[PDB]
Amino acid sequence: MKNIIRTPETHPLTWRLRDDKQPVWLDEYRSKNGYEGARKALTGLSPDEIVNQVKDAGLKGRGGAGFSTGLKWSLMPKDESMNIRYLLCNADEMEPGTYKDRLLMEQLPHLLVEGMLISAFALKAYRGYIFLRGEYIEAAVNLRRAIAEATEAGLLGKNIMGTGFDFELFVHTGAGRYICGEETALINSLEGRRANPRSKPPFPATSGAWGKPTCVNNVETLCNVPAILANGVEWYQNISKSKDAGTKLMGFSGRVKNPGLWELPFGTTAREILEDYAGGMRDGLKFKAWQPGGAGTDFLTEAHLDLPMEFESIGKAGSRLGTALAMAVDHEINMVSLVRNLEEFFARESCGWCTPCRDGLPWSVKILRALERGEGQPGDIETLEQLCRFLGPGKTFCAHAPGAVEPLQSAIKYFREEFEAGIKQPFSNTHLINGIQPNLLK
Amino acid sequence: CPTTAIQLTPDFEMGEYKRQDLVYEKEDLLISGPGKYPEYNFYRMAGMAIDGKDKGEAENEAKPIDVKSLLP
Amino acid sequence: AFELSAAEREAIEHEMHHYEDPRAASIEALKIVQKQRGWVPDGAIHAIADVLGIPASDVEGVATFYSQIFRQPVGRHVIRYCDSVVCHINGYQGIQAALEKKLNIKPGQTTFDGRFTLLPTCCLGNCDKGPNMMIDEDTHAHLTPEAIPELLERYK
Amino acid sequence: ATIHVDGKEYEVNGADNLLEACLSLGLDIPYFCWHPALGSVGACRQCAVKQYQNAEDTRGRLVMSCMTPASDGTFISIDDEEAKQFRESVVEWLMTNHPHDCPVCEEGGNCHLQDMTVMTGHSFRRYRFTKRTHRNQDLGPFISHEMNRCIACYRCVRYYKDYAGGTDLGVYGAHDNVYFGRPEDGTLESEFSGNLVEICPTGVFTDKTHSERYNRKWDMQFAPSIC
Ligand SMILES: Cc1cc2nc3c(=O)[nH]c(=O)nc-3n(C[C@H](O)[C@H](O)[C@H](O)COP(=O)(O)O)c2cc1C
Ligand code: SF4
Ligand code: SF4
Ligand code: SF4
Ligand code: FES
Ligand code: FES
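Chains as they are written, first to last, in the authors' numbering: chain F, 1 to 442; chain I, 109 to 180; chain E, 11 to 166; chain G, 4 to 230.
Calculated from the structure, these hints are not laboratory results. All residues carry an ideal CB built from backbone N, CA and C; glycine is no exception. One or more of the hints may lead you astray.
Only pairs whose alpha carbons sit at most 27 Å apart, straight line, appear in this in silico DSSO-like list of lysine-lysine [stated by the list, open to error]:
hint, chain 1, residue 1, chain 2, residue 2
1, F, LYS241, F, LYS78
2, G, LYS87, I, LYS176
3, F, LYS413, G, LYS87
4, E, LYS116, E, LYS45
5, F, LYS366, E, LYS116
6, I, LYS171, E, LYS116
7, I, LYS161, G, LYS134
8, I, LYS126, G, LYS134
9, F, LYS212, F, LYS288
10, G, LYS134, E, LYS116
11, F, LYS286, F, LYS55
12, F, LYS32, F, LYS78
13, F, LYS316, F, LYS55
14, I, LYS161, I, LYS171
15, E, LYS45, F, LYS2
16, F, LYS257, F, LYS243
17, I, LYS161, E, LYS139
18, F, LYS316, F, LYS243
19, F, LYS200, G, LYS134
20, I, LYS171, F, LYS366
21, F, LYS212, F, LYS78
22, F, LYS212, G, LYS164
23, F, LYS288, F, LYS424
24, F, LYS257, F, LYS55
25, E, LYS116, F, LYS286
26, I, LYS176, E, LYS139
27, I, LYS161, F, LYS366
28, F, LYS40, F, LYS124
29, F, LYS257, F, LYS286
30, F, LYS316, F, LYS212
31, F, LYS366, I, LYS176
Incomplete in silico selection of chain G near chain I, CB under 8 Å [what the hints assert, rightly or not]:
hint, residue
32, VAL107
33, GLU109
34, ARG128
35, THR136
36, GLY176
37, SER193
38, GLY197
39, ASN198
40, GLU201
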């Protein structure tokens, strides 16, 4: 729909959003039912009870992994001597097409503060860190002002409304590398080290930041938790009849008539969003491709537009939902240049730890540059498909490389003819010495 | 030879009066031009620093991008 | 010969007050040096290492790892244009050509008078509002190649 | 513990790594970033094998031998098609940007990278683009340094920081422009910097004293002696 009514029953996140795109401060937040779930958690809810409610509410990961946060919180050790636990908010994105947390932190900072309060009491953590980016400046200013207002209002400090639970919140603005978004590399970057990820299964819930149990959660997860604790769990299961419970900040981007961001329940197909919420595309565009998640997932054709944007529904289509922020590709854009730019971003924004990504993403960049410039050679398409087969999950140290080569998978699978037309000259790897007969095999 | 330095000329008119003078030293082997392979040079393919050849000046070698450079 | 001002030391010590390990404030110390002087010189690595207590190799690696910690000297205004895919679809080659025709330089280099330094950026987080750029912590969206000279004349 | 490699039963230790358990049996698995005295990391992916859980399995999963514990009930495979061609792809990625300067290298016949390139069986090159080059540093009168030969296996900084405790050498760089050394030019003040000649599998850190008046390894008449 062009005009959308944001009642709190169906839009638990953005029903208190302002029309003039102004930040909602503490008084306006408390006027529109603010810190009620936090009050319930910090007065009459046990931390294990909150963990069980989050686990049985069906909330999953919103950073693209899709892993349920209740089972994430159930990996904390049961020893009470490990009371130096930490909570981290992955406010960092640097992902092309991901822009929901910018809105969530520019005009809803107290929702994030309440979410960290609830999750820190649930996880028995005493320190919380919002890992932001240097690109987000107004969001950082609004978050710091919200933290100051919450501290002035007797919250976010020592003995929060007479509980004895001590919690302190800080904002860490990173300098910016895309690998810092992953949880283990976010932990490494938080410790003042280079943002190289860490091996598994030493988990962050057992040994994370400075050897202490930590939990890293997305902005939207911590924005969905206080609505769960303020409105109930059966209400959270009774807003969408799908296996993925809750609402997601969806929206299309890229040469669209209305490229925006709207909160919608799971199970909503991309076609209705594109035609009514996005309003269709501009004049003279035929919608030749789309991507469900921003730049990390893989392309889908027009035949997959009828699929509901869930995790499992796009999982069996040879794809994944990711951040659920869709991106549209038209016929006026060659996918050779587009996938070249994607691989360039992934090659220059990866880390230098493990070999296959390190020395295959620049190789894919150079092969796609040769295909763009018309200098493609026999032995490039099969090289790319062998590269993307060898850059899957488990082969590399982290998951940057499967998300890097998934657009290569979809561009190779669907739009093969453009890459085939990108090859003009024959194979030439060696030049003559004019004193040695070459070993020309036939 | 990976540099095509040691080579076999078609010259065979050899023979010495002493066995001690059949050992050819450096000055008895190095000739004043390229032999059976006229237009090959190894050091245009090597990667080490050479007089008249800085880093990245070899064949199929890019210029050394600085670590401290502003490029992401 | 590098030295640290008093405000730098107070800010760095207050940042180390926020963390369990003083190593965790290295990125923010480099950011403070960047906000005061515009870039991180060679002696700043040893100064941060001596203040924090971690060796200079770790500080050098942190400074050379993250993209927005500049070790080469830059101009007084760092133009950071988007190089990602959404702004590629919306069109960033036009504004890149406009910048290259206005400043007469290449990306990654600074102008001769030290007025601007052109740099690509991984993403800005403003994908829905068209092509985006940042100049001196000021963002700009819905950009057009015709408005680039108008946008570039409001900076010193 | 009891493991099964190549469809054959072996009895190895339970708490150790799979790579060191397989190397203790005399089997050949290539590796670049694992050292017996430095632990195991994932800087390369050279020790890849194919692991199966059940006794009979078809697909399996490509795992790292230095990241898999040698536990009871693992059925791993080494010389199958997929793991061998993946290791060949990893050595190909290491030769993607490697200088063509083997005969002017101080390692030569003492180079681990040559041994693991020949062992994987990779000779044909399909890379036609430009290579990666770096500058050099002066690391004192003992350690000659040149960065082009590196493969970013992180063994030097792991030894020099965690094991040797030196506060000089480290990693400075990025995705592909990754550098291993000193932020300035000067002698490595650590008393154990001379072990970087054998720690480094490549010709980056080499013996300067042996670089002067140099001979190859096969030309060396060795003896077992005491310092
Ligand atoms: C290369 C890479 C980049 C990532 N970037 C982000 C990110 O920017 N934001 C985010 O929330 N998750 C990101 N993730 C996913 C995280 O690993 C993890 O899912 C997130 O920190 C928390 O997940 P959650 O939604 O279940 O809480 C990234 C993962 C990878 C492999
Ligand atoms: S795949 Fe490897 S090199 Fe690439 S970002 Fe992850 S750990 Fe770093
Ligand atoms: S310099 Fe040598 S030891 Fe260090 S990462 Fe490179 S190859 Fe490994
Ligand atoms: S270090 Fe590199 S150049 Fe030297 S022998 Fe080994 S592979 Fe050849
Ligand atoms: S793609 Fe340009 S702002 Fe995100
Ligand atoms: S030896 Fe196991 S990944 Fe390097």
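When the structure is checked against the list of hints, which entries are broken? Sort them ascending. 1, 2, 8, 9, 11, 12, 15, 16, 17, 19, 24, 25, 26, 30, 33, 34, 37, 38, 39, 40
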